[PDB]
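This view holds just a subset of the chains, kept in their places.
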């Protein structure tokens, strides 16, 4: 039951392990415009340069070069940037897979699967990112308080109105409770 | 005892830095037909014999080639970093293997396993010995002790493939 959403997670991590990364993951380069050929090869430009192709193209070269060296510098910057992001999402995907696996193990030991569906419905209510936080920090910080979190949704939002680290402190203390 | 000291010496030599070449990832560069073929009969035919459509065609082709080639080799570099940190993890794991294996080797209360390990080195390459002491070093000492006792089983395991030979080594550890 609850392991099905773990399988959805397995598909998002499959998008990473297979290399079939999401389109939004990839980042396009930001480049200065290519110099305009017709800005100089216009017949009006030819009259400017006495109907000579060679002289129009000297300016054309100036314009074009710098653009291509900037292109290669931006390509190096882009390989660095996008490789960094792909790596980081790789570690995030891993941490998610083992964290979710352990969390669903704990929920299975909790042996109340019919509560896990409403639990996760509450998570896609407004804590998707908070669910990711649960996964990354420690997936099972409060077992019976997870039931209560299902139970406490409003005062759940009350608790979530306050920031992440202090919320971690509150979750640790309520774990000391449950 | 000295085999330990050389093992770590080599291995913190590994940690403070050096890298082999295996981690390199070949970038992916997608080929593509050129604008000469695009103004050719086939290219113009697929663009309905329009030169301006071919102009848009090669401009889009360059832009998308930038897009996809960039994504390809940047993912290749990301995987290169992945395998580099994997190499770091393997180095740390082999450190643990060396330390615990040559710490537990003396717990047998006997020194005669040294020549048995030397016989294992002769029969079986030291790289495979490092691998096996990495996998499970708790019975490794008795493992090459008995292997030096019976080199015939060492040869018969060397004949067979590495993974199934490892499985049989695990069985030999078990029925001890």
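We call the chains A and B, going by the order they appear; numbering starts again at 1 in every chain.
Basically, contacts are C-beta pairs under 8 Å (C-beta built on N, C-alpha and C of every residue); 3 or more make two chains touch, one makes a residue touch a chain.
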Homomeric assembly size (copies in this file), of which only 2 appear in place = 3
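In this section, only the chains that are shown with their structure count from here on.
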Remark   = Distance between the CA centroids of chain A and chain B (whole Å) is 29
Query = Can you name the residues of chain A that touch chain B in the complex?
reply = 19, 21, 26, 28-29, 75, 78-87, 90
Key: Contacting residues of chain B [partner chain A, same complex]   = 66-67, 70-71, 73-82
